[PDB]
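What follows is one chain in structure tokens, specifically the form deposited without the ligand.
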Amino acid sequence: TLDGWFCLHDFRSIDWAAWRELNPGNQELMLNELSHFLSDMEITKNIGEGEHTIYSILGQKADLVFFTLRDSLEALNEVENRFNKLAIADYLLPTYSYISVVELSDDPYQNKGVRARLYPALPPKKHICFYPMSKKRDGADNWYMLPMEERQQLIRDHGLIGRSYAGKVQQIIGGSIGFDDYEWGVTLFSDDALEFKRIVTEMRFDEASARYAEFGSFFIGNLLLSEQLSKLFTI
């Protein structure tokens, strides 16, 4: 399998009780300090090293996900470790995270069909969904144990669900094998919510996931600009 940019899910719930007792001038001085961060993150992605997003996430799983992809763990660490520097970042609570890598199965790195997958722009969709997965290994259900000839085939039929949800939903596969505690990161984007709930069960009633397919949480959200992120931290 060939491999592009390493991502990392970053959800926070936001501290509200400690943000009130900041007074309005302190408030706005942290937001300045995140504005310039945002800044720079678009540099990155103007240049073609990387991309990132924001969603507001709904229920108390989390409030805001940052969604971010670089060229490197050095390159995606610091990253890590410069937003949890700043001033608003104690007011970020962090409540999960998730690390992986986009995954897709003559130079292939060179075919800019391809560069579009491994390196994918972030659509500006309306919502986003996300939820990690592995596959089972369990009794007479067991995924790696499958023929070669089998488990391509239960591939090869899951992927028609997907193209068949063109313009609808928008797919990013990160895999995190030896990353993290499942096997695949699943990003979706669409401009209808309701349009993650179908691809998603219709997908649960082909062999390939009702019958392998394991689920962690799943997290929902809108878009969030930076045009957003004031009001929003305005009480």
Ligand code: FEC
Second form
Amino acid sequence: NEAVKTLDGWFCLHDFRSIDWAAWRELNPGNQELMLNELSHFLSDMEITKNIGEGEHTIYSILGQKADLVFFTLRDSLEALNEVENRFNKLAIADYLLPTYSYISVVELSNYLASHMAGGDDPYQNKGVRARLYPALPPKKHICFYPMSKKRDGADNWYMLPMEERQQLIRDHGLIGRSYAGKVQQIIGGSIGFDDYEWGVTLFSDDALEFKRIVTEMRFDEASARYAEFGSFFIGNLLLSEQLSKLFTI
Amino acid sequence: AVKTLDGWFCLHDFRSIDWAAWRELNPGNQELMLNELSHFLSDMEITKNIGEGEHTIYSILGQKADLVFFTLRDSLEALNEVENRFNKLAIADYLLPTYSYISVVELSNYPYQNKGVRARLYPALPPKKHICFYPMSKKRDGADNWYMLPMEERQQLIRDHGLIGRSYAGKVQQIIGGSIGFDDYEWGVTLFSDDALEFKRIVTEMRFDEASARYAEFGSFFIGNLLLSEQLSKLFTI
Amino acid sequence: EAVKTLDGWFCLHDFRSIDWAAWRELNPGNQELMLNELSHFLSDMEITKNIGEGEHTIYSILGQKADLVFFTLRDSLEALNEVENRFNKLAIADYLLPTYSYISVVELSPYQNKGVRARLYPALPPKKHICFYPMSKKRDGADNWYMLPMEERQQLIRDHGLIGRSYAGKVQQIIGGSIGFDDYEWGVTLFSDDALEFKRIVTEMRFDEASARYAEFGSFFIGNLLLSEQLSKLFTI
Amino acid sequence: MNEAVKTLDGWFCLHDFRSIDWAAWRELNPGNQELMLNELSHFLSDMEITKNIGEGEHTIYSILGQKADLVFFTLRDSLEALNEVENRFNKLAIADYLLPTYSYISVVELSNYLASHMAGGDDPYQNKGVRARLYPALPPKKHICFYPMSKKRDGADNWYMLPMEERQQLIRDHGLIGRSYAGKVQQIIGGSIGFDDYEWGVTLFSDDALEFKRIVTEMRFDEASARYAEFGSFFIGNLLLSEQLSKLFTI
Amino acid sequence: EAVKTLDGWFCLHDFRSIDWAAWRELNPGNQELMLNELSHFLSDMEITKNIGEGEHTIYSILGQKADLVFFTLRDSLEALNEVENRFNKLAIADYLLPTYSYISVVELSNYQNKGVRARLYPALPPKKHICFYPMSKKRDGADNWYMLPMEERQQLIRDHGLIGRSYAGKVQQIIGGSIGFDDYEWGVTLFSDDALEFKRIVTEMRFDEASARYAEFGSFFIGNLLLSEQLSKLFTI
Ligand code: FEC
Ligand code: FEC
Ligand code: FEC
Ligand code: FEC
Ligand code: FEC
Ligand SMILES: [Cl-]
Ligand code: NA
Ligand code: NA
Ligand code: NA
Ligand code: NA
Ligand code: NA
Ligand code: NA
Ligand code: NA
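Since the one above is the form deposited without the ligand, can you give the form deposited with the ligand bound too?
Let us now look at the entire complex, which starts with that chain.
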């Protein structure tokens, strides 16, 4: 009956793309170089915004046919995020990066558990809270993304549960997640009102098998076993600018 | 069974921009097509001014769409004519259809001369910075069957739903379009706000209210930023 | 305990999207030739109608699902498929892209009775608007229509019909049975001069137990009557 | 504890649904069209040879609606032979104009819910009546109906949790309805557990398409289907002989 | 309460459909050059197989879902993604259209032991046929695998394994865990010289409670072994 409340940080876009190798193959090397030069300029623009504290971004190569690349971008406004989107699509090389999936969310800190001492202070001025709402992206070797929702299915209805019961379920969920400290970092984007599921979940690790371990362990925790609804899963490997030229060289 | 008052017919027209093909046009042809679109929109502005409809444009975040054209007309004939004349614009070959929704502005009984009722059936569109659209239906699933509830139960559920919505006065404006008989869900919901986080807040709060917790089925969600006709030239300039 | 039906014309709902980008590239003379051929095809349809061997009508569809629906009725599946092939062989059909179709047969849940024939071989009323959607009856746990005893189903059907009778002169329905023919169990076509009547009747029925508990719906399509004269206007950019 | 159904299995089956790309076909001049039709005609006569030496069957139906315009139903004695027919077909020049819209892989199946021959030590695959079912001759009926289906595993309606004697009863009652359509509807059941996305592909043949509606409707009120049937898409079509193809493909 | 797993090679199931119409437009010379490049690519993968750093095989797939599956196993996600990108950059890959893929890791559950290594880093038997499908365990009302206590689940897995052991020598299985990696929880590959053994084992398991009550299935793919030396014949029109 008591709705969850959230603190909300950067707006987020997960932008998945497949490379149109057949078309790219037809460009002569000089034109490929010009397009990669322009992309490097765009990416340095991204880096400038990161270095003044106004957003974040990273790129991972995606395994399988769902995508070749994910561009994960965070900005302080939907206007800025959409401007990045348009600037990217207007790049010459974007004609060769075909959209296969996207997700819009906002970094979310819910109030199921406390993130700071109660008592009148502005949480947005708490620098530990800020480090979570406006997260620096760890350059971990692997990324995992998937959206999810909470079930509203007969006797398994998360949104009919009272606050104290949801708090208990989230608390137990967090005990598992905290046991992966130093092995898995999570960024939770809330997407109710913004996209097709209720959260977009990003995990970072140097060992992709930690994704399998934590997701499996949580699936036996009642919060997920009874109430999790999952979308598609995407797994990838860190892709640094220095590796893009190689990737786009046939 | 609920009864309703019904206002303007509505089209949400979602479009993706085909940049790769647009890029191949020389600047003169791009300008010609944008000028044709500009006259199309000024003709829609006239219809808006004479009180025979409304329309607005928002840029859409993510890959679902680049633009939404939200048009309201007093007849399905007029609405279909707008749609066909839009599709026949040269520039429409570069605006690819990704999703659409058809509905009618709805006011339930949970009069047409009443000026306050008219303001809702024939709504002026607020030029808010952000839009949110999603369709939804009510469940008919085992023990969670909205349409098997007696009228008094549904009236209580709607009443509690409305109390939440009233607490967002001044922060979120809603247009509810009925679509039973017209499209694949039962309502199209359009929200307008200067702060997109208010969409997240109102939709989350309603999801813990029984009327939605037990009975709501949701389609896809679209969020966007207001786009004025005068900004189209810049958007389409590569 | 299974229902028995009387069966009439075989029906095709053929939804098409207009490929404006390609159509735009045709010079005016070629557009005119293709419209001339289409006008010949439609007069062929009209001849079958006028000798009592079928029916047909065209409506413009709102939204992106389709631009046009061609609703054709014929006395055999061979004749229905032949119309289909003739239509797709038209030059202009290259610009009418297929987006959805439905196959059904007009259903009454005797064949010399004139009143029955008027239902099995229905004249299409030239109403301003059309509504189409397919549906099935649920087989879902405790909401299982096909496990109900005949007398229960009969009662549910009765109350459904009372609602329908109250829309006499506002909505005309054609019910096509499609069990064995398409992906749902019925195709429902509604005709009216006031499209809000579609919303009213479908909503009122959805609160009736027959639909509230047991109805499963496909996509809905709503449209406006398109006469031959208005086709030339439509296809003139 | 729970006894799984056992099956006898015959020819492997491909239902290959295709849509005609009239816009592309229209751009060919008559000489090149006739030539691609000639190649198709030779292909079909080679299939006819395979049928005549008892190594398979095949038939063609025109499909109503937009799901497809044609179905090529092919039966062969091995998956290697079936896949070679498929590839050889796709390599026909005309196949570029026959766009794939749906396919189904199955194997002609005779379950052991009811007996097909007297118990004993005899090899059923030498029983000529059993063979007539496992390696079915295709009747040249005017109409075909195809749809895949599965049995539900959904809460209290779980077919695969039922004991054998209860499933036997349900199938027995199903068969009583089916046998009442003797001379009106012929069925070929292809099992596809492990081979495709549903558990069976069902093909019906009849000279009156309304018998399809009649039998399927009547069965849907039988408990075996009312409680446990899960249905895919339905396809209905009209017999198309090879000699009718030139007329079909003449614009 | 949660299962713990040993994890071996990372796996890619890469399903492709041949674009026959585009391939037909190529002159035989270009076709041969593209097939030569593919042959070199495959022989490089054979080297990786011979030094024990991975595995791969190719099967032709029945029906329209695909024409080929490329099944590749590598010791890192970096090495797997590199194979994938190298493949897509082959000229011939423009004619091998992607129709489905699966990412998993060979999994041994706890429900250098040289015998363990033979399962985690499996040699691929050159069986005449392959079967692939993904699956998950249900979390649906009263049929919720992940809410069962460990002892119940262990019993269900025990009975499941008895069935699998009775097919030893006829069916070889590779179970890939995919929780966190793809859309289902496992990818299941079966190998056999008799495709009917796929139907027999999968059917028999479906009447076992572990699958009857709790298994959720994706699409099924079946195919015939395709050696590198047979590719020229397949692609020659
Ligand atoms: C992995 C993974 C998933 C997705 C798969 C699954 O849930 O089965 C996953 C799913 C979710 C989902 C939805 C939610 C939103 C729940 C809601 O608001 O109803 C959601 C929400 C939370 N998670 Fe979560 N998670 N999660 C971690 C990993 C995963 N988490 C790790 C690691 C940590 C530990 C890091 C940290 O301290 O924040 C962690 C902690 C939290 C906390 C903080 C609670 C606490 O501190 O006690 C909240 C709130
Ligand atoms: C947002 C949103 C949704 C979408 C569903 C969701 O769970 O997100 C949403 C959904 C629906 C739906 C269906 C219905 C139709 C009920 C039915 O006929 O089943 C539906 C119907 C009503 N709503 Fe609704 N809403 N809603 C608001 C926002 C949202 N509303 C705000 C704000 C207000 C407050 C407006 C005000 O009173 O000033 C508000 C009020 C009403 C009133 C009473 C208004 C009046 O006449 O006074 C009726 C009736
Ligand atoms: C509209 C609409 C639907 C769509 C379902 C929905 O919930 O939207 C709709 C749905 C169905 C469906 C299925 C069936 C058949 C299901 C079955 O179990 O046989 C089905 C069958 C019948 N309907 Fe129906 N309808 N329906 C009307 C409109 C609609 N109807 C109007 C109007 C009338 C009143 C006209 C009259 O009195 O003749 C009317 C009456 C009947 C009668 C009684 C007349 C007769 O003998 O045929 C039968 C039987
Ligand atoms: C039509 C139709 C369907 C699909 C619609 C539905 O609701 O099932 C249909 C569906 C199925 C399905 C699955 C199965 C698989 C059962 C299982 O193994 O679970 C399945 C299996 C069988 N069917 Fe079936 N059918 N079916 C007929 C028509 C239809 N049948 C006609 C006709 C006959 C009459 C046979 C003849 O004499 O030629 C007939 C007979 C059998 C027999 C033989 C039983 C007996 O002889 O007593 C078995 C086994
Ligand atoms: C575990 C688990 C799953 C997935 C669900 C879950 O994790 O709860 C799981 C899934 C499957 C699936 C599908 C199939 C294929 C057919 C099917 O019903 O889908 C399937 C088929 C087989 N399994 Fe299976 N399993 N499985 C074990 C555990 C699991 N198994 C353990 C254990 C062993 C015994 C190995 C050991 O521990 O020493 C074992 C053995 C086999 C053998 C025989 C192998 C052999 O003799 O070498 C076959 C055939
Ligand atoms: Cl902390
Ligand atoms: Na990839
Ligand atoms: Na703030
Ligand atoms: Na966008
Ligand atoms: Na339209
Ligand atoms: Na057809
Ligand atoms: Na290699
Ligand atoms: Na194939």
